[PDB]
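Asks: Here is how the chains run, residue by residue.
There are 2 protein chains.
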Amino acid sequence: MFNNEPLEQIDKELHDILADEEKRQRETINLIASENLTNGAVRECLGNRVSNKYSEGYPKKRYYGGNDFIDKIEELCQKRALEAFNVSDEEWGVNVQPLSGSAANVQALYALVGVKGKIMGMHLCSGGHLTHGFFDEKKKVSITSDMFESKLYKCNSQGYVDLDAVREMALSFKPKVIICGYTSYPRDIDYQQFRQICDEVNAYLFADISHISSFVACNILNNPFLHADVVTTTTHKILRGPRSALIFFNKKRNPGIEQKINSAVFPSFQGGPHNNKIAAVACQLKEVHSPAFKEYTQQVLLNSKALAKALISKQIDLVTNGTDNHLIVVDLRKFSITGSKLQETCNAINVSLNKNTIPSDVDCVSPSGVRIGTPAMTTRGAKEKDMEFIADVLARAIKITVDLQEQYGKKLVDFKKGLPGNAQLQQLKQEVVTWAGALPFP
Amino acid sequence: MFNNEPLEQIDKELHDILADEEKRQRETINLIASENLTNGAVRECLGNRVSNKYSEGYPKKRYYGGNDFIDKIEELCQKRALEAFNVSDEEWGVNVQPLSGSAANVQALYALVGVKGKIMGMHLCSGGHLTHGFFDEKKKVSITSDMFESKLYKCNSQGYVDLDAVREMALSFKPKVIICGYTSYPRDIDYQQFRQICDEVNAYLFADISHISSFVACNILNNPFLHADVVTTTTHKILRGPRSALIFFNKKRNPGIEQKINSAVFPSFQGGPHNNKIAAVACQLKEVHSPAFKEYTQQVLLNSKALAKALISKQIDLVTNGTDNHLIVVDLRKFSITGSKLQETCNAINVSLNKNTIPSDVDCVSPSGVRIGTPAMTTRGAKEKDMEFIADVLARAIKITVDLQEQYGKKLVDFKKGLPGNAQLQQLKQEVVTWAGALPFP
Ligand SMILES: Cc1[nH]nc2c1[C@](c1cc(-c3ccccc3Cl)cc(C(F)(F)F)c1)(C(C)C)C(C#N)=C(N)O2
Ligand SMILES: Cc1[nH]nc2c1[C@](c1cc(-c3ccccc3Cl)cc(C(F)(F)F)c1)(C(C)C)C(C#N)=C(N)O2
Ligand SMILES: Cc1ncc(COP(=O)(O)O)c(CNCC(=O)O)c1O
Ligand SMILES: Cc1ncc(COP(=O)(O)O)c(CNCC(=O)O)c1O
Ligand SMILES: [Cl-]
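Top to bottom, those sequences are chains A and B.
Going by the entry's author numbering, the first residue of the first sequence is number 1, and it counts up by one from there.
Going by the entry's author numbering, the first residue of the second sequence is number 1, and it counts up by one from there.
Each hint should be verified, as a subset may be incorrect.
One copy or any two copies: either way a pair holds, since identical chains are not told apart in the list.
[To be verified] Straight-line Cα separation of at most 20 Å, SDA-like style, residue types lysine to any residue; simulated pairs: (1) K79 <-> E13; (2) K140 <-> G117; (3) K61 <-> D414; (4) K151 <-> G117.
Simulated from the structure, these hints should not be mistaken for laboratory data.
Okay, chain A solo, but in the shape it has when bound:
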């Protein structure tokens, strides 16, 4: 007693917007540092009937039966996760149930500290995540600043984590957790130095590696699993999986952490896991442990170096003057245009990027930068030689943005009136679409 008519027949209205969405993806230069493109096999998992099943609890300790095939899938996912991140399952555990990155972080933090517990993370404006304890004078913006008592550290004037300031803050604040790993930090992390600071005050070391997960997995960047008590990561950014998350916990350093984390995820915070997610995560993690994927990750970094170099060649400033990873933050202060103006300009030319704060910015109103990254375009087949074209398109968007600011003025409402119909944008959009449109598309 159901309608099994295909999506196009059942709902033509929805199917047109989704076919439109797909066209826009195929014809966009996607520089969102956090975005990627899933393959068909991952998308077959996400649409699999396995999501019909309720499987509350954990494998071999389920509330319901009928979960033997679900149990194999969840155990396969956990093992492939540990294999992927070069960890022994005798020393490390993984929970694969968190529905997304923010949920994973709130759950892990709760496990370690409980309500009113003390946490330390990087300020949002300096490249930390919202779930790393973010608040504002106006409000406790994240639950992580409200259900916990948080204190926030800044990066220095050159865009670098200031360990001396982290030390100063930890000794006066005495937190139970210190969070590292960030949302828009262009350099590698000194986890060793973080671990030394956590020992000094007796806090746990939490590494959120969502942005750099593939660099850790493939031994291209520093390894937080050598020093951290907990590692969280999303599966959807550079890892190129579905939208989900993983919490890793160090059993050897913390006996009985396994129960704290598993009970935090369920039944403290979640109900039924989404088994289509877990299935999809299994599928991608098998690709992650191939040497073919180490090739892809290596290319991400090669494109990112090449892009940073080409942008600097065109006299565009980068925060920390370069990158050790997949992402770059452009400092737009020498042009006297804000980040949101360039995002608007880049939207008009099918270039996807986001506004981003820089060290000099005190207020999240009018961030002076944009963040860009290469995972998506690297997935679509772009090489080092292709980064000059992207750098050129970005230089051309900055110049147009500067022209429009002079013509229509510095206020944002006025500025946007300048965008539609602009011959140069229409021309530049055209060049973008034609180039992006041609690239392989999963």
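Start from chain A and add chain B with the ligands according to the hints.
Replies: Showing chain B with the ligands alone in chain A's frame:
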């Protein structure tokens, strides 16, 4: 630079478990009250490339651009939701971003009361959800009992919500929210009477309708939108959508609630929404507003009544001696077998059901009942006449379960040893498989 080989080719290991799991579903009498089966079009949405997009924020107030097509999908979903539940978009708002039922409840509760806020819900042992404030003498099991201060109301000896106990508790406890709508409650709810209790103490009325959502949308059962401040619901149970959730809020009755709830979902708790989920929710919500789906929901109730009646005809006791909805709780005390035993026996015959407390049980340890429901088998085409066969199969399972307990003893470890290779189970399993396998499968 990706592997686009189909799932069978790229991961033959995962694909065999999935193909097995699909067979187990096709060959099971699925009586899980919270389960259903998604059609092909909803599963096309869940595997759609729309999940590649990061779209933090709300439509027309997004942190990024490139979200024109995402915004159309999210607005279509909110509209179709309000229409489905017969509410005016001038008086009611809806948030469609929550990733699951539990997330939605925690978010909504936080919005209304904040950290340390006082909440009241039905005890879990009496049929409430974990996210309705559940705790135990050993621990604060849910976050909703920990981030909030909760008090839990019981149902009476006959399995009914005891309003005089709710009132007495509300007046002494003075909570900011009173939660109604349950996980295993076989009757309709007196929302009007709850509204009268909340008004008396100046608390919000929160209706969790996840189990009965289709009955509310189709006007078959009472309408909580007449009296509630907030209504939450999952989209995956009787509604037959993907795994996601909805939070409804009464703007007329509470000016300024719209902001409290939207901000609580993001950026307080979540990050990026899962747009495949939202697309999927949109697709199903179109089906919900057809008269064809009203027919389906009517049949759910018809099958549930017929099933209740056939079970009573065979001298099986039901909590509250019947049902007003899709679910029944069987009271197994007269046979001296526990709910976990019958769950194991039913697993052995490809009958999916869960163990469930009954009023007499002091503890959640050794529940004396099972919960069953008709949405899944109603989706598979079963009619009133087919309920006698399910009732037959269930009575036969109880009798086998009673025999095995005699033979191997009342201890669960001893009991289970009698299940593999039992001639009658192999026989009964065989009958189940043959009948179940034949039914329409979406
Ligand atoms: C959207 C998001 N999520 N997590 C995030 C961000 C970012 C961000 C957040 C926010 C914001 C501020 C207050 C409340 C809620 C939010 Cl989402 C603002 C901007 C700005 F527009 F100002 F550039 C940007 C970014 C990646 C887009 C961010 C930065 N920089 C970091 N470090 O982390
Ligand atoms: C699994 C689950 N989620 N939400 C739930 C349930 C149930 C349930 C919960 C629990 C439990 C108890 C303590 C801690 C954690 C959990 Cl998950 C136990 C049982 C039992 F097996 F004993 F019958 C059952 C049910 C639907 C399966 C339930 C009941 N009854 C209710 N009212 O609500
Ligand atoms: C370090 C980090 N951790 C957690 C999250 C949360 O993931 P979900 O959105 O799945 O909740 C993000 C989001 N990153 C947003 C961005 O960089 O664009 C992140 O950057
Ligand atoms: C009333 C109610 N509310 C919220 C939830 C949570 O939904 P998620 O699992 O999507 O978090 C449930 C789950 N119900 C479990 C069952 O009845 O089988 C529920 O019964
Ligand atoms: Cl999903």
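Asks: What label fits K61 with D414 when the C-alpha limit is 20 Å: within, between, both, or neither?
Replies: between (60 Å within a copy, 18 Å between copies)
Asks: Using 20 Å as the alpha-carbon threshold, which applies to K140 and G117: within, between, both, or neither?
Replies: both (15 Å within a copy, 16 Å between copies)
Asks: Should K79 paired with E13 be assigned to within, between, both, or neither, using CA atoms and 20 Å as the limit?
Replies: Classified as between: cross-chain Cα gap 14 Å, same-chain 42 Å, threshold 20 Å.
Asks: At most 20 Å between alpha carbons: which applies to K151 and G117, within, between, both or neither?
Replies: within (11 Å within a copy, 23 Å between copies)
Of the hints listed earlier, there is not a single one the structure fails to meet.
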